[PDB]
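Next up: just one chain, as structure tokens, the form solved without the partner chain.
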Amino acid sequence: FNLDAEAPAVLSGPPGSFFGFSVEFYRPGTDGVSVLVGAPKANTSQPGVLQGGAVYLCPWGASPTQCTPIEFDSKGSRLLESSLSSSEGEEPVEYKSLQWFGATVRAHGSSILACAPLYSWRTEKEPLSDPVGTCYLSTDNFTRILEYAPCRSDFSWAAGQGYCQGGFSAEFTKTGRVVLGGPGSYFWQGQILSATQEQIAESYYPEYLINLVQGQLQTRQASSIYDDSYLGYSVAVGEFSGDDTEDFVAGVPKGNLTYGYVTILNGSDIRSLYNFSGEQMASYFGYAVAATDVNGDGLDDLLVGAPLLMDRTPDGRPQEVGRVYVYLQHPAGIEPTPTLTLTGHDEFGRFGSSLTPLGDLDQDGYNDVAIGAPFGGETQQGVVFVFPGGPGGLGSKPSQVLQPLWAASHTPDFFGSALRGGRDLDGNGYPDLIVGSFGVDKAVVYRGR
């Protein structure tokens, strides 16, 4: 329909680097508009670091669209002071190798946020391998790069935040606040964790590895019965309480004895506001979440995805086709039951793996939504669907379907695994879309017409 599927732009990174695992827009609607692409397994030029991850900057407008890597950090793994002081010599405190840095790239204005979920660091007290989360926050066009590792705290073990794996999912609120989700905190209970950029910069002090941010907001620890809930597997932001501050949306895929549920946390607090339980057990309810107005009422509406949901064809044979649930918001409040459900049509397609608002892509007054099926298509290469909005919510039939142009190969292409949209690159007033294909280390950019 609208998106120029005839000939999109293709950005390719180093082979085997998982280029395109995460995508984002940078400085849209202004000079210097660019596309950020993460390569979690890209070899970097850091001292003694192997596959430390990288984030690429791809300027828009240039005909070749050459992509270059950003030098967020060029310092190898640190060393323990006692090790070099005592009869040890070398004993790194941190383990930056294979840290999967750049697995989550988010930007808001002049700020960028690249996280390394698998960062682990030997505790200075006793030997350990706690894989806490560490994130870097570029500010003012790379003028001052900070580091945000909130889960790297005194409580250091699986019983605490040692296995937090913070930065597994990140987001920026409209006011620049940073929201993080640590799935592995408190014996994999999970944890939402946020702080404003001003607080991060004010308390920055790189001498101490354990740095505490003042005024930080985080979810408290719960009883042992809530273990292995994976709260924070995916996060999103939207206005759901009638306040002026965007409210947090977090996914808990393995909560409620593996049925799963999604929770909305109040702004200015971290209190829970709404719960949305899953439908089928092991339907991985909460792979992705989003919040956008899909009926032009001016109120945000929640979307959820369950890629592993199993449905049976009318013949009787069961099949694995994903699902997506849409909850519409009303002046009274959101309802606990879905207002609409969308189901896949291909086996092992993982429909609903990724979701992303597209904005008023059609300029018809109703926002649109894009849903990805990493293993869909007629050759298991991956497919992306576009579902138009309307007065009654999302339309049950996709308006457009996007597929890769390159021929299939022996490795899965993971096309549509990561998506982003809602910003205009060419500046013609029509939103755009970026789709990740890290299976072959490629990212494609689509533009309205």
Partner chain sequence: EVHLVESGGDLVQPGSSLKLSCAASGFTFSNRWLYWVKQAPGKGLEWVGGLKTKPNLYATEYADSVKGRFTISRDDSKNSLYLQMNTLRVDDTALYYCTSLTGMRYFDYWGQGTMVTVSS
The other form holds:
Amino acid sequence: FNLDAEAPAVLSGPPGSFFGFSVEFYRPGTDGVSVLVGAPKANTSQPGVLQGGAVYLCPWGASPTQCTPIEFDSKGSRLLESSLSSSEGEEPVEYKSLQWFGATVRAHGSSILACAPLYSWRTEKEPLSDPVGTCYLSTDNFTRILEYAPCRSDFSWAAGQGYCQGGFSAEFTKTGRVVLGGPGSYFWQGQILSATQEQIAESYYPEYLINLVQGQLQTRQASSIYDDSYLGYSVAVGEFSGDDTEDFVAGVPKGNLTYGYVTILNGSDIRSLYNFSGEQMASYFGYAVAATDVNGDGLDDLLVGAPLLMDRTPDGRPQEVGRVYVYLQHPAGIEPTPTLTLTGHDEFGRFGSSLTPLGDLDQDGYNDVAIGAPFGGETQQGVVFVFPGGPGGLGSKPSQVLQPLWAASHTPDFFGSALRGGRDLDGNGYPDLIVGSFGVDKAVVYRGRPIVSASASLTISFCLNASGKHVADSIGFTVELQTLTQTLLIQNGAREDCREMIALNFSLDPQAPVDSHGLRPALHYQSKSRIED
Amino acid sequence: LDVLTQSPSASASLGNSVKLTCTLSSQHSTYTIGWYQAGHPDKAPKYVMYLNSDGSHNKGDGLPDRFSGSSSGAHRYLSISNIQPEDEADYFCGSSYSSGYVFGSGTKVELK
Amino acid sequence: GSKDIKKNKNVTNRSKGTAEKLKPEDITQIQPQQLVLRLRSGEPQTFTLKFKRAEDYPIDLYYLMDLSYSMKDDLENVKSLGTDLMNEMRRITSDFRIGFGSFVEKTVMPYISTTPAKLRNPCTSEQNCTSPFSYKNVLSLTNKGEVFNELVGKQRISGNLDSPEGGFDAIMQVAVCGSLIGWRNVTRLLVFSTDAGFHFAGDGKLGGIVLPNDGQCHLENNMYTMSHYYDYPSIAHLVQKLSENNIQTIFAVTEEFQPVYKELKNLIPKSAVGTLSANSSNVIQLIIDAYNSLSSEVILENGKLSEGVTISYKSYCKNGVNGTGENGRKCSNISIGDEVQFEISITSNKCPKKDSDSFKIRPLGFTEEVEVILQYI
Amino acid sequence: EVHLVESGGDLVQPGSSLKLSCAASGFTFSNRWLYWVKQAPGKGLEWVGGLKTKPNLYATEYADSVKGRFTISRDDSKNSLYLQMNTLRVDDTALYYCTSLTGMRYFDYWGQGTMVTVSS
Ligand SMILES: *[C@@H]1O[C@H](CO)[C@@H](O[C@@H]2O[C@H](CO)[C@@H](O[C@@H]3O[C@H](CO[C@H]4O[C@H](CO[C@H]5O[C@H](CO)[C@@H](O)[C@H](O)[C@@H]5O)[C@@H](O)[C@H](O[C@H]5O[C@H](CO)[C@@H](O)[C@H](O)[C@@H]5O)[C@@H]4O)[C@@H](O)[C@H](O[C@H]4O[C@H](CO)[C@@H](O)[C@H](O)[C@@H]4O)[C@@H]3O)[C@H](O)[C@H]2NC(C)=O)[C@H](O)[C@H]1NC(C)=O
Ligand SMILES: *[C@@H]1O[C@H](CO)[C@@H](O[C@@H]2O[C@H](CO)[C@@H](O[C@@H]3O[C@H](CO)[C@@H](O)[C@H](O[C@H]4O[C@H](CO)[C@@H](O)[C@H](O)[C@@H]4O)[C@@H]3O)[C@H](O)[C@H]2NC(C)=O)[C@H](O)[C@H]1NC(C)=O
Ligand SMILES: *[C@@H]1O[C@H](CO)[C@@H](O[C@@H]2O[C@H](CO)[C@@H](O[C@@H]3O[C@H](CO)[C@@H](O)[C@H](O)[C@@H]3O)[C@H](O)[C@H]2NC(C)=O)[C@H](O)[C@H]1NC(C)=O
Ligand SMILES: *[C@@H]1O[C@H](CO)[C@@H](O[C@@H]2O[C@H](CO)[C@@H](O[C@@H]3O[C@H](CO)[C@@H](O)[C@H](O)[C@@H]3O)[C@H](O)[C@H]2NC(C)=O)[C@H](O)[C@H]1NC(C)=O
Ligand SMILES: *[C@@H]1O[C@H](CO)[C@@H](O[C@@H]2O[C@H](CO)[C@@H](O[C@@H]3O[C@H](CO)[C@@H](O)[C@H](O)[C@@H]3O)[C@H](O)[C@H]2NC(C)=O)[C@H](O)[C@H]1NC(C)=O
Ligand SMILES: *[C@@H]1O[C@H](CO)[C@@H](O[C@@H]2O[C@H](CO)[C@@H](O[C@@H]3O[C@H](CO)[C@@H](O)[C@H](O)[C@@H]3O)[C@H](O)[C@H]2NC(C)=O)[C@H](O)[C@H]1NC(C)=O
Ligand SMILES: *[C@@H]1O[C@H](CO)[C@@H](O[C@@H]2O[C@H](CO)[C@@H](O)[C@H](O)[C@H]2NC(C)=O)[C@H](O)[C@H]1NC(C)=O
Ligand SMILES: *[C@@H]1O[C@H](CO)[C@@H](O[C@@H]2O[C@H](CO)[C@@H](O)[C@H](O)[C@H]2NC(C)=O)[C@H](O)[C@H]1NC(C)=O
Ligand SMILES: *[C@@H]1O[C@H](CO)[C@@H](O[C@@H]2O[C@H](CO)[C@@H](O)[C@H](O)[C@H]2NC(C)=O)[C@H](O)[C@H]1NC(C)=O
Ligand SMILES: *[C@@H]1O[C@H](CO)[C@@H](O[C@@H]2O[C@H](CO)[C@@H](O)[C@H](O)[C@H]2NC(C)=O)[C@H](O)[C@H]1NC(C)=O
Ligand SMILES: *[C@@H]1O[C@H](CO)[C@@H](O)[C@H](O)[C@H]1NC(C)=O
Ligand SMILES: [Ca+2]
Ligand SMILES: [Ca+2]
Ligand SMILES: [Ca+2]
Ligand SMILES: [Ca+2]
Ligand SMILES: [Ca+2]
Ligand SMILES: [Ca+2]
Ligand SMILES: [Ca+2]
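I have the form solved without the partner chain already, so could you send the form deposited with the partner chain bound?
Every component of the complex follows; first up is the chain already shown.
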């Protein structure tokens, strides 16, 4: 169906960099529109830093689709003031080597948040190797870049925030509030951790590595019975409280005696509103979370991924085949149990490692969803499945399946391990999709085709009538009577077109001209392409 | 802007506990505050502690460990566990905000 | 439809004495070893197999131990299993062999404190811990019980940062390393001894580890190399590799972690859980109670069916208790020298492109099989 | 160690102007934000204003009781901070303390402030 899968645009980064680990749209609009791609293991022009990571800007509308790295940071690792003051000689406070910068990339307007969840530091008091998080926030198109490291604090070891790994997951709300997950706080209880770009800017005191973002929200420490839960392994945002301010969805994949759970935290406060819990022990429920209105009721519906889920075959053999759980929101609340569940078909395929909204991909009235299986397909390179929106929620079977056009190799591709959708790159009025594939150091861009709606009838004569959203003025059709065959241009604004002289069968002309954007129209579902008397 | 509210006095017998309170503005109920001890005869203030919305605190480098802090919504507390003569002082609450700093009106701690 | 039983060599008589003890290939416990079934469209075809638990089938035991610091007093009590367990097993079988291996965690940055001091000694300075490791195969299976006491008595305890431990990529290596561990075609018992929860797949992502476990042997100099490169296995990959390699797992775990391992038991077929004493002082009776639970039950697996074929089971057990459906694969209370019956119905919905295919029905925990050969009419 | 030392306290008529100075020692003065806090002769602390470092463009802040009347300045080559006070009120009588903010926004070091006595 609607994504142009026969010739998508392929971006490629340095070999062995993990380019395509995280992906995003930047400045989606009439001008400046670009793709951002993270490369966690890339090399960087920073003094004494090995595999520090990178983020690549890949401008759209350039036909070779070239990519250039962004310097969020350009310094080496900082030094201990006591050491550079001492006859013993200098030592680092920081360990930027192998930090995984660009393992999370997010953008909102002209601002970009890029995070390094394997960053760690020597606390300035005593020798430690604490994997606190760090992120760099760019504001006003690289006019200013700010280090945000909210778990880097005086609470410095695994028992406090010292292992937090903040920016292991991240989001921006509709107003531009930064939201982070850090799965390692308080003996791996984990934490959600949120500030506005105005607070992050007002906090700026670069001489201090432990610093206050006054007014920041964060979830409290709980009793030791909650340890090893991993809260904030994944985060998403949607309006679930019924107020004006989006509410943070977060994944707890090891919580609840290793069954896993998902929590919705309210915006404005950070207090819990609803909880959903996993079907099976050590199925990774909350590996991925998403929120979008899939039935068009006006309310965000929750989606949750459990990639490791088992079932058994009708034969009786067990298999790892991941599951995605869907929970529609009603005006009374969200139900504590799934309204639909989708299951994978490939053993070890990991269906539900990735979720994204597509917006309304086919302009049908309902938001569609893409779901990834990083090890799916007949040669285990990976797959992406498009599931259609509709009045009952998602359809239970996909409207499209996306797969690599390149051949298999000595190591996995992880195609569909990262997804971003629901913005429009070429500006044709249909949403587009970016797929990450970091095992080959690639990312792939799939574009929504224009949709034509059509009708025709026999009147022994025959008549034709066709129109479509954002389609050109004249639409090319080809027609067969069963014999006579014809090719016609039908105007998109017409009432009808008709001919004087069984079955009538038609299609969009396969050799008709390519549109201004480089695409051809798709004929919509139903639309009765054949009539017989 | 940020308003910090303190009671003018608190008291306890030598060897009993004291709790001071400082209340933040309801718009600013999640802000982190510093505590200062400053009543010693015409001497400059001394940083005691800072205290977070969640109750987490960190003490100054020389503080006797009798001092500890806790939080409840907009309220912030300093607890002194067993009052010595050297705990008899003014204690000032204080909060940084987007365009400056503000101090509470101070609480005197008295032996009885 | 028609059927023909081709081999039908009898299950063993109850053994007369020590004068000629049988080899584990000569002992027969499942009755028809091969038969051919002519299937015809939608017609169901039923056959029956008998099972009989043999008198003295050999045992291999691998003891796999958590060597994090809280197991220090456990290790002091475990030094003597290589003679005490050899003695208490001498009433259970003529042939028994014992092996030892030990685990801690992945040796990478979230799971271990990575300062030069905590790499040399993972613990507080008064505790003499060795540096961390993922898995050691200390002693491949042997009948020389005093070599277990010797080698296990000279191991040194280690330490780790996060509470759940890296035991699942030690279970994987014990299953898939075969001839390095030294396993025979006998009952393979794995004792997994620990006082913490388990790391599983997706926990590698916090350390930047994203390749799934391939489930292959990576031992060099008896150490597991590449724990930094492959993620932990999922339960669904251990379910596969334990069942494929005939291994029956005893989770000998402390009283705190019973409610997690009691559910890992429900996922991993033909496995058992015991309540370990804080100092492993009950180990010999824990293993023997668990072995009696593992050994007194049968479960029938089958190989993958071809397209449109279907299978179902009925089971007839001791004291007249029976079963049907997926419960028809099970049978229980099977005493030494006791006998059991199953009836199994094949069915088809198609005529495939080839006139035949075949598949094996087999008791979990054993290499003995019935081959069913299908002829499509 | 880590001293701050205020100078320039005096008795002056209302409507006059006065210059207060503070010298730092034992810490890197160009790496800390410095601040003025007054205390009137029987009253609680009041923040007067402050002045950031070079990466924060030497930005400067003042209380509404003080805006447009006073001005704060810095010399990182002299390890020294200044307050210029103009059109003094009788309300400006206080001990003026010189002090430093940490990253966690607490005053770690204080001097021992100069008395200013604005009186006829
Ligand atoms: C979705 O699911 C999640 C679970 O997966 C669920 O969240 C859990 O919900 C329960 C119930 O709400 C939580 O348990 C409660 O936690 C309360 C807070 O505990 C901490 O703070 C306590 C109060 O002191 C702090 O806060 C006060 C504020 O007033 C402040 O003054 C203090 O200075 C301080 O800052 C504290 O007492 C408590 O102590 C425990 O933890 C500390 C370590 O931090 C430990 O040292 C203590 O020994 C102790 O174990 C903790 O610090 C708590 O107040 C509350 O208490 C109730 O239970 C006790 C008995 O257990 C009663 O005596 C008491 O009267 C109360 O009834 C209770 O323990 C739990 O923490 C959540 N887990 C999380 C967040 O992970 C969500 O609610 C679900 N959402 C839904 C259903 O929609
Ligand atoms: C927001 O920030 C981004 C990132 O900087 C910025 O995108 C960049 O804009 C610059 C300026 O247009 C681009 O620089 C161009 O690079 C190409 C080669 O790749 C050159 O051929 C271009 O030459 C033109 O501009 C030169 C300026 O020195 C002229 O001398 C020359 O004659 C040409 O006129 C030019 O140097 C850069 O490639 C992009 N980078 C990417 C990947 O987009 C964006 O423009 C900013 N948007 C704003 C300010 O709104
Ligand atoms: C970032 O830079 C580092 C360092 O240059 C790159 O690491 C280097 O990778 C190469 C090529 O594989 C290594 O050379 C190879 O060595 C092996 C033997 O170890 C040999 O078989 C080959 O013939 C070969 O030359 C090299 O050792 C290694 N160096 C270091 C310091 O690690 C790395 O690939 C770069 N990463 C990215 C993302 O660009
Ligand atoms: C998500 O968080 C927001 C913010 O806390 C919640 O909205 C809050 O709701 C409470 C209770 O209604 C409001 O208290 C108010 O007090 C004033 C008097 O001071 C009273 O006049 C109001 O009618 C109300 O009782 C609070 O102001 C309000 N805060 C905001 C920012 O609107 C919201 O309820 C939470 N999510 C849900 C819906 O559970
Ligand atoms: C391992 O743990 C077991 C069980 O916790 C320990 O067993 C205990 O052994 C002690 C000896 O240190 C026994 O104590 C003695 O009991 C007798 C009779 O009550 C008394 O007269 C002695 O003075 C002494 O207290 C104890 O009864 C026994 N049971 C328990 C649970 O304590 C065992 O010692 C531990 N160590 C090893 C290496 O086995
Ligand atoms: C569960 O399954 C077993 C096995 O099919 C059933 O055993 C059946 O029991 C009946 C009644 O005893 C047998 O009929 C009679 O058996 C006696 C000996 O037990 C014999 O002397 C009579 O001449 C007559 O055959 C039947 O043969 C026997 N079938 C088999 C194959 O053992 C049992 O009844 C079932 N019980 C349940 C749970 O319904
Ligand atoms: C954690 O997961 C367990 C298992 O799913 C939950 O226990 C279940 O509770 C639901 C609702 O009562 C039942 O329908 C299931 O049958 C229960 N399953 C089991 C295994 O007992 C438990 O409620 C969950 N806790 C949380 C986080 O809500
Ligand atoms: C109208 O119908 C005819 C018959 O299906 C189509 O002609 C065949 O279409 C199929 C499927 O596209 C092709 O594989 C054949 O090669 C075509 N040739 C024939 C006649 O067998 C024709 O494409 C249809 N065209 C329109 C205008 O709808
Ligand atoms: C911790 O234990 C190890 C092993 O026993 C000790 O190292 C041994 O020390 C003895 C006595 O000095 C030597 O004979 C061995 O050759 C050493 N072997 C090793 C491991 O190198 C180590 O000294 C002990 N440390 C503490 C804290 O007591
Ligand atoms: C245990 O049983 C397995 C399976 O029967 C044996 O493996 C087979 O051994 C024969 C003879 O070497 C080979 O021809 C087969 O290809 C092997 N198949 C498998 C499963 O690999 C194994 O040799 C037996 N080992 C013992 C201890 O008897
Ligand atoms: C086995 O049979 C005996 C009776 O002979 C009975 O007491 C025992 O409970 C049975 N065990 C089970 C239920 O497997
Ligand atoms: Ca809301
Ligand atoms: Ca909806
Ligand atoms: Ca749609
Ligand atoms: Ca488009
Ligand atoms: Ca332990
Ligand atoms: Ca112990
Ligand atoms: Ca561990």
